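What follows is one chain in structure tokens, specifically the form deposited in one PDB entry.
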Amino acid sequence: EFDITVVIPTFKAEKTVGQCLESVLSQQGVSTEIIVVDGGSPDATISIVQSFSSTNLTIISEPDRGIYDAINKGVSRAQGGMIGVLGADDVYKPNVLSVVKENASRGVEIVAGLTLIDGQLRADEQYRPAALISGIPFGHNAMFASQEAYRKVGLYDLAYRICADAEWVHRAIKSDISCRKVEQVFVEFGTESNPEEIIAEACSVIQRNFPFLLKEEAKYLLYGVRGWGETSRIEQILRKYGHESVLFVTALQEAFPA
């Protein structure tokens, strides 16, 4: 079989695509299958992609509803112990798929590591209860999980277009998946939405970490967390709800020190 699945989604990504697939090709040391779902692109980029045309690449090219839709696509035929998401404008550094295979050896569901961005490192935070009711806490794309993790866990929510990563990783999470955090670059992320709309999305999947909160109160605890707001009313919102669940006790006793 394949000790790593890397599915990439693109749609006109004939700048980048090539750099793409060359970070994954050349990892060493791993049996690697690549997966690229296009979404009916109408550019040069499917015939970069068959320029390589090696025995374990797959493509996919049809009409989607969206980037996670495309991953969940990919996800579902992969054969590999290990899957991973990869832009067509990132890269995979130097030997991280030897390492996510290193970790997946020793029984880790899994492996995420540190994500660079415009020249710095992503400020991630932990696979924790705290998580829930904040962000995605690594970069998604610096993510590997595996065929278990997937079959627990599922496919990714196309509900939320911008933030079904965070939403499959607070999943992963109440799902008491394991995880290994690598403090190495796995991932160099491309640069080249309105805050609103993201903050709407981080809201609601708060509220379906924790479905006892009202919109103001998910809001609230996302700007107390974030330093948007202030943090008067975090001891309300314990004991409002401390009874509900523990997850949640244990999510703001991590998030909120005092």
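Throughout, rigid core stands for the largest set of C-alpha atoms superposing within 1.5 Å between the two forms. Positions refer to the first chain, counted from 1. First, how it differs from the form deposited in another entry.
Fitting the two forms on the rigid core leaves the C-alpha of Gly229 displaced by at least 2 angstroms between the two forms.
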Given for the second form:
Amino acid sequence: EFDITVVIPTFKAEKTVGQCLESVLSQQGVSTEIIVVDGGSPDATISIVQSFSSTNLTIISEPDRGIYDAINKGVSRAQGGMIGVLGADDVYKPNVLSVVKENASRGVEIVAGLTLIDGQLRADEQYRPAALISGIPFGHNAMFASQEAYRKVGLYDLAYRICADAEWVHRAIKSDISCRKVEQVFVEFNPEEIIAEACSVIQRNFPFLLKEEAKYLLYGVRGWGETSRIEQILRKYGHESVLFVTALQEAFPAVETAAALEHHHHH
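Rather than the form deposited in one PDB entry that you just supplied, could I have the structure of the form deposited in another entry?
One chain, no partners, no other molecules: that is all that follows.
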């Protein structure tokens, strides 16, 4: 019954939840359902959320196991054609929801836009196998996914408290979920732990990789580290997976002559 469902997880968000919801309620040209999944805030959050138009607004307020648990509860209740997730410190830009509706009209399963972070565009990557040796290719809050996308991919993996968004998108890529990237800003707003989860997520695509080899690939694609061992890694594991060969030749087009050699002998 709704073009869009916006899932907003909140805990102690009294400072910004107003600005967040104003960015959703003011969206013109769409029927929007809002599901606020609050983890039991003791501050003004519940009152502020209640100060908005409640017509299509549901409030869940109960303990949960973290951000992605709250997101899962909201996604599970969503009735909209496309489902977005907005943090309480985030805002959608004007007209974004209508842009999502328009770009979804042919049945694409994911519609993703750009993200503005401290006045700079997030350095996004393409939605393609090459993302599988990296992080999430677009900002998770700039992503909208259909009911069928979530039905087919499933829910967010709570084992990942940082990078569950990346792991979900990688599962989408591996499931050949369709995606359309829109070159418009949709949303504005312990490294060792982040790196550990990101390596783990990459290894869930390619279980033959050592953690250090997942790290090398990740730093390689992101431009944080050198790439002279990429060909070595390709020769080491190319026989394991055509997807992995495809990912490396997409991420590092210069290894094409070596990639074709892997394809030719094993795939």
